[PDB]
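Coming up is one lone chain in structure tokens, specifically the form deposited in one PDB entry.
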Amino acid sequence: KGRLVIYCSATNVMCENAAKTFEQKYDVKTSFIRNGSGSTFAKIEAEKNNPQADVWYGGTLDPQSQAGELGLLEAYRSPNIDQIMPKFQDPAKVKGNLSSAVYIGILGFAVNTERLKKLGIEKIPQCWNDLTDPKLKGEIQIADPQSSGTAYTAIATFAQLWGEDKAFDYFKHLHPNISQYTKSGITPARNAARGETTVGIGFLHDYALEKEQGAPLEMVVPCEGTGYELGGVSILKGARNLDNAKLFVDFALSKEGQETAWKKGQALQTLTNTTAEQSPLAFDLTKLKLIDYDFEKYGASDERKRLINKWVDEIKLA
């Protein structure tokens, strides 16, 4: 018994299902507030002297790793860690399971095929470099590196894929086609689905759900190769309900806690627990051209600040 307060950074449906399922299982009064991973980091940091939640569930790992480095988290290694894909068992900058990995999300883009026809573009873009086509001017959205974890994952991915120089050259040539840098990582999926933009860049599972729900979207794992987020779970330093936060980490890393995300929580990420059944709509990492994402390097405060700063100077303001 007792209570649990969650800062959730997954989609609302996923958060609500996790909270409800956890409360039903353990008889713990559980609540959550949802913000993206970027805006959750900012709030946890701001509240450091009097923390307002017990656990941070979901959202890109980099800001969780950064919070770990900054002393905002409380280490706890669940026994369920042994079931997690080994390379994702303790992937953050500061080791000791201040953060753990609960899912994988593939970076890519999706194309609204109905709107594409209106643009007079015959071929569905298949490569990152296809997004620099002037015919796509004002027809692409991605989240804002200044605010969004998804957008940071994108920058870090490009830097690792092509080297930093080429990554920023790409951003420079993508930039003229971006109609809006969104505050939320998921807004480009919403907008692409509804035909308000033609191409959304973000994590493919979000576009996959919109597609299965009827949106005219073609998902693209870009031809050059791509990267991914890990979704994180982390207990906050100063958690008022520490035992329940640990139980929740166990749940988050468990076979049934992960399976429920797609079975009931309408969230189609790939699961990190090797004993869990995957959604038939989840991406299979073994089939994809993926970098080896260095969370130790990119999940650090200096590097995150540096790259975001460089983006503002070189892409937004240059």
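Numbering follows the first chain given and starts at 1. First, how it differs from the form deposited in another entry.
- Comparing the chain between these two forms, the hinge between its two rigid parts falls at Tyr228, out of the candidates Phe158, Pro91, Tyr228, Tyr207.
- Rigid-body analysis of C-alpha superpositions between these two forms gives a rotation of the smaller part of 37 degrees.
Please give the other form, namely the form deposited in another entry, since only the form deposited in one PDB entry has been shown so far.
Next comes a single chain, given without company.
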């Protein structure tokens, strides 16, 4: 049935498994080239007069939205969009499904229950505001917003949850309980897993992997609500293999295509297709208390710079 070239921005393992599973189902000779979302965006833009791939799969949706704005993508609404929550059906800036959401990374925190059992604390924290408990002094970690996008997602989430003023009040009250602002977004997951801290804040699928490997972690989607990142799929405008690109978007949005991502592809993000079985270490998306994250507003470089600078000035250095 021909061939398909994928620019993949997910992991190598997830990409390889998607290519193999797609090729098996549809008998399309499928290959991928893996690169980060930013590098991939630059490549697609550079190659726009003679595109070298058919589809862009995985990684954050925001750069795919920006490519849609620049006329680099081909709009196509898969019938499987019917199986995605209205909220996530057409999430990018230019409407018409130039891009679609294939998974979601949920911001939350996880608690080391063994270490909790040593702090004299009997109940597992279930809310963001539980983390200001003075019993948790020196027992929480989150990444440094200056060096980590994960921590910036936290800032933007709190700002959308409570307004910017109360978000920074919350950071001020959380601050005395933070033992380390880590350089990397994922470090609090490794540290909470090993008992180097009690609570780590970050993307829940990272804590899930530590739990999979045996760490005594309880994952929490905080009670007040929370934010997230989305994974995207998009067809390139001028794709050499447009028919097969549409089949691949169908597949990436399908029950089987999304299930295989965690069943064999080692991905632990929550799936956007509401008919899909979730990993036992992921979540039931329709039941989650999620803000509607405004990526257009908070993804702008000037707003991001401003909010990080405010965090530095008022939290880190005040």
